[PDB]
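Have a look below at one chain only, the form deposited in one PDB entry, in structure tokens format.
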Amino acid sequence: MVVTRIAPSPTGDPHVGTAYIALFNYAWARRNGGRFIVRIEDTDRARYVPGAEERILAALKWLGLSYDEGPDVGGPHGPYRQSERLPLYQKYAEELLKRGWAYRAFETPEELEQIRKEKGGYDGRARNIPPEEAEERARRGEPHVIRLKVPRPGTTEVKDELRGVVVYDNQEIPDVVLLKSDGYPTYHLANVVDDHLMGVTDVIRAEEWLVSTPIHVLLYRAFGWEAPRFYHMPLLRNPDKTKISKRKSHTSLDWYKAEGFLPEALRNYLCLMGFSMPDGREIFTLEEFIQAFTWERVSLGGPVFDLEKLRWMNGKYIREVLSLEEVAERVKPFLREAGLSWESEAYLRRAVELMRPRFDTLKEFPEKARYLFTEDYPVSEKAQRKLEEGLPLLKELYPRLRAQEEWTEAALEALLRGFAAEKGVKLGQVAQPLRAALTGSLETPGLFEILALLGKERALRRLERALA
């Protein structure tokens, strides 16, 4: 069967690049009735950010992906956190030593720096230390690393399923450190060992790892294991076309959630980075993505992540994909954050309904409809001007309003239409100042539904303060 994985490093906030790669691994595993694994790559204590792991796992679930094996769902090839697998890499590093595929190197970081300066890159000098001497120095406890002993001279073929074959000259492949002096493996060692042990057959990862692939092909050969298929996805980009970064773009999934973007919309947008539907359709479900997925429709250019298009898509989900009730539920946390309360479920549902076509993120709802939930709302200068100019007309209308018994959208419209007629004025000339009086803004939903919504008492109550 097919086995894919996402192997996040817990060294910062959940990254949109992780969600993107994760999404394609999830689709390829499901499209093939295979398994999608999550493996936490915490091998660098220096960059480890406590709490990052749970945050990335929760962000993956928030986006709607599910995995079959991982740190919090079990699996037969655990543990799924590399920090708990240390003895294993040790053993494999030592096996490479015995097979003549690796060597112990005792240089200090400062000497490596100097070598890098003189010859640019490590020159493999430790390959000349007699094997027995190396073993003795290790036994005495001398700090050292274990490096991959690249076969030189030589050539290494790497096959990427999307780009074809690339033949590297071994002189281009360094004798990379496999096991660090603190006993931790580097990414190269652990990735091959764990992909093998966990049975991965399809490695789908970002293009930034393409060049490291020949090192991996060599390790699979060194261990006598069959290499999996490799697919390198194009990197998401900032507007300037450089790989997406925290300074030129928003890369934190927590920022998107906090800003009121729907996980379904963000996920749908990410699918469009490099993939397209046969019929050109842009709005589709995760399940539809899985079913239509094919590497034949994956484009290789580096996609610029367009926040404006994400917002349009989010608005599209709010208006056409989710139900009125789902939107009302998702808007609650943002109302709470804004310090606003809603009278009842019916009130909230109706307010959300009136505003649906007017907000593209959940965060915008409390902002643009603030006047629907509190008396503490802003009155724009332009609305203040429309109000003053219409005060006399509103004064004359007020009594006809306090007299209206049936407070319905159809009733109110008739009363207002009539009033504008009898006053020989355009409906707008009475609606705009009234809107300003009820909302403190000149940009809102329809006057009748806004007038109706609050109910007689509340409506007039606010209209009165405006005529004060």
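Positions refer to the first chain, counted from 1. Each form is matched to the other, and the largest set of C-alpha atoms that superpose within 1.5 Å is called the rigid core. First, how it differs from the form deposited in another entry.
- For the motion between the two forms, residue 376 lies in the other rigid part from residue 147.
- Superimposing on the larger rigid part's C-alpha atoms between the two forms leaves the smaller part rotated by 15 degrees.
Now that you have shown the form deposited in one PDB entry, what about the form deposited in another entry?
Keep in mind that what follows is only the chain, not its partners or any molecules around it.
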């Protein structure tokens, strides 16, 4: 049975990289009728932010993913937070000492810097301290760390299921710290101990972890454990091919959610980052992704995460995937956040229908259609000048509009058409100023559709205000 996992180290915001990796772990598990678990690697007591773990779990669920074991759902091999299993790492570190696969090192930071400048890294000199002396110094409270005792000289072979076998000269592998001086584990020790105890059979993670694998293979060998299958996914890249980073761009899943990106669209886009459908389709469901999933179609090149492409897909979901009713429901939270209400469901549905071809994110709806839900809408600098330019035309138009009994799109259109001819100007010279007066914008949907949507009286009210 296949068992995959995600092992996020929460820091602040839920990272899009976590969603990307989670997506493929979830797919590989489901495709094989296996299990997908969540382990929180929260031992970094400097980067701990209350609520960060919860935000990650919520984002995974928001994206439509689900997991089988974890901090909140529980499971047969918990605890699922590394902060709750600190004693395990220490006992396993002690086991390595007993096996001769690890040793205590007492160098101060000043000493390590000197050694690094002389040898290019730590040279394992502490391996020459008599074991019994190292234990006594430890018993006496001397500060130290426990390092992996890499076989010197030697070689370590590592197999990545997508890239193949890599033969490392052990001289490329340092005697990495496994247990820190404060008793906390390093990533290498905790990751191997927990993947083993949780029964992980398939490790799928970002390629930046690839070079850490030989260390993990040595640890599995040291404990006498069977190593799982390793799959390293390409890192998400910026247009310039550099690695996407939270310090350089928007990687927060909460930002995407707040910006009005649909979970189904973001999920669909992440699928396209490390995979392509046989037929080439770009729009598909999570179920279809799983059914068609195969490592044979996972590219190893750097996938470019293009925000503009994401917005395009989001827009395609808004007008071609979801129903009008679904969109109207989803824009509600954004309307309320913008301090806007809607007279009725029928009205809202109509507003969404008119704006649907004009917004790519749910957040843009309240921003571009504010004038449809409140009289307190902003008037752009460009719209104001256009209104001013056509004010005299509108003033002469006001009377005709007030007398207009048939307040429909076709009727109003005919009225402006005749008026424009009467004044010797093109229809647009009258339409633009009117649009500005009724919406405070020059970029809106059908002027005539907007003219009649609000009703005659309310429309005249705004024209009056612009003429006041």
